[PDB]
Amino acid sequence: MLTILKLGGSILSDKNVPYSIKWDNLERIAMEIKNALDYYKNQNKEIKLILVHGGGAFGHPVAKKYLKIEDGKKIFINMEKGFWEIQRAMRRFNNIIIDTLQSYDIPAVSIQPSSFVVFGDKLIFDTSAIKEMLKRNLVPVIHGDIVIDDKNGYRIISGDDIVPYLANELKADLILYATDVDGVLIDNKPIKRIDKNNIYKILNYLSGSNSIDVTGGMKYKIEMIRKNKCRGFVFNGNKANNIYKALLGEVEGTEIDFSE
């Protein structure tokens, strides 16, 4: 039973406030994760868990200084300074999250993409260590990070890039997207379920002018779950117990199911 939980939205950090940390939320989230891990142990049910988080007010604020738009394209500059500066900011955010998780006795450990991942048409991302960590009951905590590509450039790898890749690569049984909203909003209300019988209808809706989310973020999550034939929930990570419940397999928000 492998579950990958993405702590997204702005539940851990306010992107507006530089280097801000939502301490209270982070601690509650840690509490719920611990509560869930304890539940599984008592129910004698095995559970492998991978946590993924973005840069929050740590990554983007730093990366922006090294980002430029040239010929209508994103390009990283002055990276002889920028690669490290971004790595440094992410490392700090990851330290804080892992330290907090460990304070509730969650066996979290650090996975830093910038050290070994290469952004190509097909990511070079060795999961050997991660597999071994999960075998020994550790909880790998992977974060969005700056990474080099295979074309003389760089790229910010995000949680949205990381979750699908690992979901497929490790054959996760469940994907959990903790966000700032209640689910995939159709008429300002989370649609209970998205599957092979309504996905296109939902994606076209999301592409419409009546869509609460026009960022295409939900569309991408849905598309990747279909692609890798996974099952996942998109829910509000800000609501007490949602994370605990989602980790127990209880549908929260919107269920996206394409598992075979």
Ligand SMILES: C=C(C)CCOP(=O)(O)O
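For clarity, a rigid core is taken as the largest C-alpha set superposing within 1.5 Å between two forms. Positions refer to the first chain, counted from 1. Compared with the form deposited with the named molecule bound:
- The only C-alpha among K189, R92, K81, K171 that moves by 2 Å or more between the two forms, given a superposition on the rigid core, is that of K189.
- Comparing the forms between the two forms, the C-alpha position of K45 differs by less than 2 angstroms, with the core used for superposition.
- The Cα position of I202 differs by 2 Å or more between the two forms after fitting on the rigid core.
- Positional change of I225 between the two forms reaches 2 Å or more at the C-alpha, relative to the superposed core.
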Contents of the next structure:
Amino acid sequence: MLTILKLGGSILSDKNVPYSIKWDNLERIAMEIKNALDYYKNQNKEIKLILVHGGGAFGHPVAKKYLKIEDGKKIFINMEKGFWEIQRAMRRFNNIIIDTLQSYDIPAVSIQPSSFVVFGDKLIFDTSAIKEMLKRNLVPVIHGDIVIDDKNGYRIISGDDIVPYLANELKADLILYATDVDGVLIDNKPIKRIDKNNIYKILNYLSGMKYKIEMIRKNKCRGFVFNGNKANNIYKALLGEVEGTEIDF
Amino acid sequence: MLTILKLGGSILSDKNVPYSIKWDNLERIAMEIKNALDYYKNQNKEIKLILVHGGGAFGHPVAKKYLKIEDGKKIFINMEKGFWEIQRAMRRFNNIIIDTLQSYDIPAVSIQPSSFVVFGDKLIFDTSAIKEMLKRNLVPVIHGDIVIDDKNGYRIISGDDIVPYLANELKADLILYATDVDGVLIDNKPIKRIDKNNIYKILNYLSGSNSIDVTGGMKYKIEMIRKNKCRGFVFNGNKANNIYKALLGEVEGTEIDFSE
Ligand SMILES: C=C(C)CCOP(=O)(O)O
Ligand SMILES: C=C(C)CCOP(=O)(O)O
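Can you switch from the form deposited without the named molecule and show the form deposited with the named molecule bound instead?
Now the full complex is given, and it begins with the chain already shown.
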């Protein structure tokens, strides 16, 4: 029923180019998601879908402006100005993505964490609204954002924080990570799987693909890391599976 | 003391001209909010301020396209386009308002109800982040928005729904209603004070046939203030300095006192 597809940095926007958008790729990714949803409408299978994207060439660039290094500590400053300016950037990127999805008749809607989510100790993140939206078969689109931290004051929640959380909070049947690599690379090769056995030797090797791997296990989750730039991977990924690294916890 | 300023009326936008923006009026208002914030710093007084605005010529016009009357009632349709459409329009208005407020160094941030609020017999509306934001001297700007309900449907949440709710949740001290009128008009004249010695006497008149507001607007504002045993002002937000004065607690319009 429920799937969480993450569109990770750099398939949507080049990081080394502030305010950049990879239009064709975005246009294609949106199409494959549509063709996927359609496929299921025939099989008459109810498939609830959530979407997550990063800060790409929007979130980061603007943030970097209010992050100062001091005593080896990432420090936000001038947040009187920084909070809005980061919000604003993520709002642009979020509109662009949602409009495109909408143009393919994907019933996407904006989820803006900065408005309600709180980091620190526990993760305060009321999924009430999201559950309802899913009951309507709407497709909530969540994005990395600036967010309050009741301990550190400010902090940047990312997709890696959001996906795992929601998958557990919402009991997701299938979680997908679209990236620019053919999966988790070991010695420059994508392992077909990651469980409870070879993991130990994997955490050492990696000593945020790690962060990602740990965040999902910390939730007995289970997801696929694949390449989003390969025409059809997303469409395949959603339908059942294609090539990529599997992570089961 | 925490204050809630409700922009409202048609002081920011002319509902008649779709996507209308009363720039001049919107800019002056930012000044005044600024003048006020600077004033509370000089007099060294702690103020937490929340702003709320409605849909103006943005929310309503778009929303109406997805509203139908069915069996003597309202129902949203095609919300697979409608929800985003209304979000989109509101997000624009919110941007314009916040960008401006910022252009006067007012630390405004965006609160988008559509993302987390559920409209039930009781609102589901986590105010954790807002509290932290106020804690850090940010100015949270909430706006009317589309939202899902807990009954297979959708609902429009307005400033009217948002203000009272927050007044309660956050235990506000002062409620400010910037409107298109000088106050609660009684004989085309803003009554100075409303309290537990005339409220009912006032409600009844508001309900009569010689009342200027038959939309039940003022009545609702009065009752929530009274319900939040706090204090509020109803004033003209189109007049120079009323918003500045109001924020200080001295705007000449109509006072509503039920604190203590
Ligand atoms: C940079 C911001 C605001 C969020 C970054 O998170 P990502 O989407 O994981 O890159
Ligand atoms: C029309 C929408 C989106 C809500 C408008 O809220 P209000 O103008 O405060 O009633």
